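Asks: One-letter residues, chain by chain:
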Amino acid sequence: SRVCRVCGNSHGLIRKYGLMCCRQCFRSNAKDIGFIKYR
Amino acid sequence: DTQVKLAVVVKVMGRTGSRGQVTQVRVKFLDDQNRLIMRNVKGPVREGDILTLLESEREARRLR
Amino acid sequence: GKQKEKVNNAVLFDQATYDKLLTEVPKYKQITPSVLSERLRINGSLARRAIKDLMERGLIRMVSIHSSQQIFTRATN
Amino acid sequence: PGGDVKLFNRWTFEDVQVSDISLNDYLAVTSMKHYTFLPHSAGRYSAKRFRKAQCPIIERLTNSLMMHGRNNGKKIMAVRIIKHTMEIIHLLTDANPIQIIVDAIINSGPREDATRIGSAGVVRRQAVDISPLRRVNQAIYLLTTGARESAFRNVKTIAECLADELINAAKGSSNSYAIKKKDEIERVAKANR
Amino acid sequence: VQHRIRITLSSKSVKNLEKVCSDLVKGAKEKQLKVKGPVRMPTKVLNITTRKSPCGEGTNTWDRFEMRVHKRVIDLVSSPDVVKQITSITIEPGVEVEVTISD
Amino acid sequence: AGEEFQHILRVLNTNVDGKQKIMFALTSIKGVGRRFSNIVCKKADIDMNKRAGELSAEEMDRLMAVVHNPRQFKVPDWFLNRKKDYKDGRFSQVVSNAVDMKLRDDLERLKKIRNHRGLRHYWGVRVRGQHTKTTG
Amino acid sequence: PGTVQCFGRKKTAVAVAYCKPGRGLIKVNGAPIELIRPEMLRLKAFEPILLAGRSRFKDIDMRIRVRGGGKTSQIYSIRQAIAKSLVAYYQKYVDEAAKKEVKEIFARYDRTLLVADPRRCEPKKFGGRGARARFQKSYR
Amino acid sequence: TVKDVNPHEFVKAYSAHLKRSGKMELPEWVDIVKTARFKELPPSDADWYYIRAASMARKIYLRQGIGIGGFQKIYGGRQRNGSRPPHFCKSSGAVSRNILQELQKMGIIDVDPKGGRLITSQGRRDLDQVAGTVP
RNA sequence: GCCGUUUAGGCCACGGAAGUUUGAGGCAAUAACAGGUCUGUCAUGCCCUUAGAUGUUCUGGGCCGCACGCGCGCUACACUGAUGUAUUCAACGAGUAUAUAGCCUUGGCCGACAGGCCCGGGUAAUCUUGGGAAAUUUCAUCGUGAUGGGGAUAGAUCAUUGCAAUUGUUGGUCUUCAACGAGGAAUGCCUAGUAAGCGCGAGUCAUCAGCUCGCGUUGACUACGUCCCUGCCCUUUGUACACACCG
Ligand SMILES: [Mg+2]
Ligand SMILES: [Mg+2]
Ligand SMILES: [Mg+2]
Ligand SMILES: [Mg+2]
Ligand SMILES: [Mg+2]
Ligand SMILES: [Mg+2]
Ligand SMILES: [Mg+2]
Ligand SMILES: [Mg+2]
Ligand SMILES: [Mg+2]
Ligand SMILES: [Mg+2]
Ligand SMILES: [Mg+2]
Ligand SMILES: [Mg+2]
Ligand SMILES: [Mg+2]
Ligand SMILES: [Zn+2]
Numbered sequence: 018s019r020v021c022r023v024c025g026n027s028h029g030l031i032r033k034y035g036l037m038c039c040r041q042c043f044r045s046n047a048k049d050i051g052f053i054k055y056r
Numbered sequence: 023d024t025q026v027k028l029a030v031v032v033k034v035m036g037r038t039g040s041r042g043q044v045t046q047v048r049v050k051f052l053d054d055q056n057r058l059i060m061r062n063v064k065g066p067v068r069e070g071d072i073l074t075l076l077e078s079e080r081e082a083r084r085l086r
Numbered sequence: 031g032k033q034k035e036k037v038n039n040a041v042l043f044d045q046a047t048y049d050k051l052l053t054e055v056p057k058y059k060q061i062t063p064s065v066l067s068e069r070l071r072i073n074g075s076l077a078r079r080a081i082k083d084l085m086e087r088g089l090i091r092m093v094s095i096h097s098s099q100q101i102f103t104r105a106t107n
Numbered sequence: 008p009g010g011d012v013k014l015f016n017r018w019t020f021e022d023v024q025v026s027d028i029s030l031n032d033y034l035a036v037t038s039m040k041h042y043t044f045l046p047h048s049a050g051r052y053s054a055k056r057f058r059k060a061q062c063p064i065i066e067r068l069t070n071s072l073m074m075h076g077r078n079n080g081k082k083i084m085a086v087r088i089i090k091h092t093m094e095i096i097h098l099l100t101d102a103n104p105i106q107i108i109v110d111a112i113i114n115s116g117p118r119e120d121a122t123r124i125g126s127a128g129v130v131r132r133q134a135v136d137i138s139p140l141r142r143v144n145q146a147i148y149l150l151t152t153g154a155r156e157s158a159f160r161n162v163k164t165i166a167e168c169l170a171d172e173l174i175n176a177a178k179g180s181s182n183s184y185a186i187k188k189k190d191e192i193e194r195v196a197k198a199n200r
Numbered sequence: 024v025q026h027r028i029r030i031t032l033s034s035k036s037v038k039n040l041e042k043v044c045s046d047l048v049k050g051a052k053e054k055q056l057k058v059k060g061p062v063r064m065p066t067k068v069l070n071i072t073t074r075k076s077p078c079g080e081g082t083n084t085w086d087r088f089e090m091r092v093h094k095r096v097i098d099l100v101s102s103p104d105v106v107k108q109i110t111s112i113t114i115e116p117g118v119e120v121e122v123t124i125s126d
Numbered sequence: 005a006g007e008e009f010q011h012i013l014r015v016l017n018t019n020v021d022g023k024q025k026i027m028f029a030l031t032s033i034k035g036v037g038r039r040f041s042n043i044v045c046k047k048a049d050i051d052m053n054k055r056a057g058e059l060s061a062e063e064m065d066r067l068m069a070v071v072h073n074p075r076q077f078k079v080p081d082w083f084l085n086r087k088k089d090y091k092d093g094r095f096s097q098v099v100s101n102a103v104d105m106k107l108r109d110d111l112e113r114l115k116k117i118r119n120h121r122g123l124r125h126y127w128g129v130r131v132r133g134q135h136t137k138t139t140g
Numbered sequence: 010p011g012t013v014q015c016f017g018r019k020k021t022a023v024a025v026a027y028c029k030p031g032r033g034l035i036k037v038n039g040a041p042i043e044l045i046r047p048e049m050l051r052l053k054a055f056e057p058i059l060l061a062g063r064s065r066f067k068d069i070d071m072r073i074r075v076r077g078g079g080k081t082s083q084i085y086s087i088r089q090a091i092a093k094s095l096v097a098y099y100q101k102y103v104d105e106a107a108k109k110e111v112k113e114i115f116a117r118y119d120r121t122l123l124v125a126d127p128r129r130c131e132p133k134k135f136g137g138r139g140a141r142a143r144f145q146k147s148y149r
Numbered sequence: 018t019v020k021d022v023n024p025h026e027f028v029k030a031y032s033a034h035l036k037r038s039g040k041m042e043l044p045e046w047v048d049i050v051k052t053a054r055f056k057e058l059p060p061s062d063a064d065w066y067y068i069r070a071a072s073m074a075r076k077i078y079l080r081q082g083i084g085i086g087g088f089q090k091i092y093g094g095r096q097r098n099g100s101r102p103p104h105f106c107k108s109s110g111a112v113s114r115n116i117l118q119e120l121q122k123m124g125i126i127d128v129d130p131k132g133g134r135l136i137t138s139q140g141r142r143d144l145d146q147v148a149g150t151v152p
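Residue numbers (the deposited numbering), protein chains in the order written: chain wa, 18 to 56; chain ua, 23 to 86; chain ta, 31 to 107; chain ka, 8 to 200; chain ma, 24 to 126; chain oa, 5 to 140; chain la, 10 to 149; chain ra, 18 to 152.
No lab work stands behind these hints: they were computed from the structure.
Positions of the beta carbon are idealized from the N, C-alpha and C atoms, including for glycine.
Careful, some of the hints might be misleading.
[Claimed, not checked] Derived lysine-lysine pairs resembling PhoX-like cross-links, with alpha carbons at most 25 Å apart: (1) ka:81 <-> la:109; (2) ua:33 <-> ka:55; (3) ka:197 <-> ka:187; (4) la:80 <-> ka:82; (5) la:80 <-> ka:81; (6) ra:90 <-> la:80; (7) ka:163 <-> ta:36; (8) wa:48 <-> la:134; (9) oa:47 <-> ra:76; (10) la:80 <-> la:20; (11) la:80 <-> ra:107; (12) ka:163 <-> ka:82; (13) la:133 <-> ka:81; (14) ua:27 <-> ka:188; (15) la:109 <-> ka:40.
[Stated by the list, open to error] Chain ua stretches covered by chain ka per the calculated footprint, using a threshold of three residues with CB under 8 Å from any CB of chain ka: (16) 32-38; (17) 56-64; (18) 75-86.
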């Protein structure tokens, strides 16, 4: 009973820091949120 | 009866052997500081090192 | 070396190591250790590790204690 | 060489003489640069070639005691074994325990070996000389392994397995793992000359 | 009359935040206020590692996203209007100001 | 010196090796572990730096009392191994050959039960939910 | 005015050796230096002292507070803290050319009683559970 | 005083002191307990209870504000779980709490404001007096 | 400083924190593969079904089943050790109104462990936590014995999570004490804070970490090379190959 706020997927979900994104929709929106891939 | 004879590596020639595991060197006999013959050393060896040699007649050839 | 299996066989506490033998077993190289005695004599430990104290209270030798239970032995003087 | 500095603060480095001038260059014992209180130094050896020839030799012995996984890196334990070991050596020999080890390094290092070289276009093992630094490296290796194997599943302690090993090796008796492994290497190498 | 007013600054941007930080300091230094700052706080670094693939195939390869967060503090011995009289300069994009009245 | 020294002790039909140390010779009984062996020695008040073939006949008597009768020497309820039994309801500390029985007696129940854990033992396959593809 | 606060570093062990012009005290977090608790790696802490001398310390006292690292790294740390703190005191309070003798005692023995190791824990990278080690590879 | 003396040999002295310093009470669960979840056997030594006291009478001497949920950590250790990897394990608090109770009744330590357990004015004396009585 | 068309550059040496681009990572060309992903995406053509549904929803079961073969691993086969004392040194991260204390949880008390009851601190360099980590270091006990190594298997009971624990969620207590004596043919990773050892944090998460991603702690042996095996780049050469030598 926890899905992605973007797509509604039940798997690979990231609750860390309260994003509630799946591991794929996050990667799609990662830079927009402001997670810079410094390394 | 061979007598263990000492020599000194004057210089280093190459790294022979299939895997390169053999440094070829020129040795300087201490009893007679005139005999410069090729020998084949295993292990890290620079000039100024002293090789113990059981025999001496066994002489390495060029690019042996 | 059944030398914890031998700790109560009456030979031991009668004399076996009260100079019955262990005059000698240091004298192989004159102060051979508590553990060389422990295996240069085929008998091993803990009949010995009790007597490592016993000969010490008897004032025949001087001894050490440390980490691995390394312990030492001396003959005379 | 000058300096009254001693290992564990008990054993003098002067009055140790290394006979074979062949590897007198790589026994880091004799010169006053090599004297150290403890065989434990975090020196950046292995950084360059031949640099580990400068490591004090009692440390090189110590470094090799830490093998087979359950001993890797446990250097305080390894050095503590060394202290007990030299207690035992002077206990059994009443000579300079430093002399014993360096004589045990010098007697148990193979002077020859067989390597697969190819002359004329066909390869096979052929007889070769051994450089002094690998000889020291090999002399250490044989002693430590032999002491290791005997102590395993033995009531005897490692410190004293090491001690018997070094005493027998410095004498040169055919009683040490190092001695028998040395002579089988020479005999093979002699045959394939 | 003379209180303990603390201004707290957070942002995702090193350069941008020290623009505001120094301006506030030089803002009040021109008023000769008791300005005790900036106390520089350990940078927080939010982190996410995610598998690069959408299908779990190929050499498993990981990308470490992260976010730096910088924490700055200024002390002013001043009034609730002197603090606001100063802190009215153009706050640069995104920088967080949360002035509160300390103890 | 153990002038009468015994090499075996036969306690509770188990042939206890007398040249072991007490607490580590008593564990040879089926039902006495190292923990419970220790506490028996404490309550019987017997020196541990002793080899069991050196130990006296009276001392064995006290040891056997407290193991057959643990609840009367204030042994707390939680050292025992038949806690809250199903037949009588009592709290007992089973010993050498009664262990061999009650195990099947438990098994015999569940086999008559038609329990899953009974038919699991009956088939011989693993009983506790461990996977059973390529192990065991 | 004799007061110097000189540090030494190893991996994470940082030691700060505050000094005053006293008689002989050397205390690590208040505890005597003669008691630090690798008793095999005790000569390493004592190493600066047997290098220079108890005499060189006859007018100074040492309080060497430590934090971080491990056990071995700290002993290599206190070594520099003691060794460096002496020359900084000598540089500032005794003579500049009476410390040139002291330095060459420390430097001819070991070069790392004045200058730290830059060596640090290389980061872990994925595809394996070490800095260099990689997960075991299987083909069939 | 306390820091000039070996933190080991000294506690032997203080373990011989709480024997013969009169006496106190002592649990009727003392000789069974393993002192931790992860231990294999109860403490070997008979007079371990005072050694645990003596070892833990220096804790408050050399610190301040230690509760029972922290005293458990101080004596915990590694735990081997057989098949599964070993971890850290926190020891038991019944032993730790009671040692405090006894030394509380005896005037070496007291309960502490701001939370914890704090050393007494006069208990500091004996931990420094017996400290002087060590080689 | 020697070497070199004395060019570009090479080896070394004092100095220096540092002389493999100082270390390690991020990014990373053209052309492709019928590589994987329609089961991440109300991204998606075509086809199938569309109320007696391949839609949704609920109950229960299964994905976990066990003759067997395989891969990554954990724990070991002990004395360089097991246990029981005493002693004590990190770093990276983490705390969604979490409801009437609530996620991280200090301190008090009850309790043998497990776990409770109580007063609270912290939306955090402020409280948890300066994260009192383990290996280690000491001191004893064991004594070459499938032993007190090892901890599979199983019996009895207790407590916690949750709406629910059965095909044991897990954590306790007692008891049970298996294989394993360093592993054949084969084969992996690895060149200095590295390998190896040790533990910690985070993801998942109500509960479960033998996993993965990070962190620190102790800390080496060996090599400073070659093209021999496996492959890669460039040139020359031969081809009856072009889905290209698996031709
Ligand atoms: Mg042994
Ligand atoms: Mg382990
Ligand atoms: Mg680079
Ligand atoms: Mg897709
Ligand atoms: Mg599955
Ligand atoms: Mg994998
Ligand atoms: Mg065990
Ligand atoms: Mg231990
Ligand atoms: Mg976890
Ligand atoms: Mg290369
Ligand atoms: Mg042709
Ligand atoms: Mg064609
Ligand atoms: Mg063909
Ligand atoms: Zn999504």
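Asks: Are 3 or more residues of the region 75-86 of chain ua near chain ka, judged by a Cβ distance of less than 8 Å?
Replies: Answer holds; 6 residues pass the 8 Å Cβ test.
Asks: Hinted pair, alpha-carbon criterion (25 Å max): residue 33 of chain ua, residue 55 of chain ka. Please report holds or violated.
Replies: 20 Å, holds
Asks: Does residue 81 of chain ka sit within 25 Å of residue 80 of chain la, going by the straight-line distance between their CA atoms?
Replies: It holds: about 12 Å lies between the C-alpha atoms, which stays within 25 Å.
Asks: Between residue 163 of chain ka and residue 82 of chain ka, is the straight-line Cα distance small enough, at 25 Å or below?
Replies: It holds: about 21 Å lies between the C-alpha atoms, which stays within 25 Å.
Asks: Has the given pair, residue 47 of chain oa with residue 76 of chain ra, been kept, meaning a C-alpha gap of at most 25 Å?
Replies: 33 Å, violated
Asks: Take a quick look at whether residue 109 of chain la and residue 40 of chain ka sit within 25 Å of each other, Cα to Cα.
Replies: 19 Å, holds
Asks: Residue 81 of chain ka and residue 109 of chain la: Cα distance at most 25 Å?
Replies: 38 Å, violated
Asks: Just to be careful, I want the Cα atoms of residue 90 of chain ra and residue 80 of chain la compared with a cutoff of 25 Å; is the pair within it?
Replies: 20 Å, holds
Asks: For a C-alpha distance cap of 25 Å, please report whether residue 27 of chain ua and residue 188 of chain ka respect it.
Replies: 22 Å, holds
Asks: Hey, residue 80 of chain la versus residue 20 of chain la, does the alpha-carbon distance stay inside 25 Å?
Replies: Given pair residue 80 of chain la, residue 20 of chain la holds - Cα atoms ~11 Å apart, limit 25 Å.
Asks: Does residue 134 of chain la lie within 25 Å of residue 48 of chain wa when you go C-alpha to C-alpha?
Replies: Status holds; Cα separation ~22 Å.
Asks: Has the given pair, residue 80 of chain la with residue 107 of chain ra, been kept, meaning a C-alpha gap of at most 25 Å?
Replies: 23 Å, holds
Hint check: violations occur at hints 1, 9, 16; the rest are consistent with the structure.
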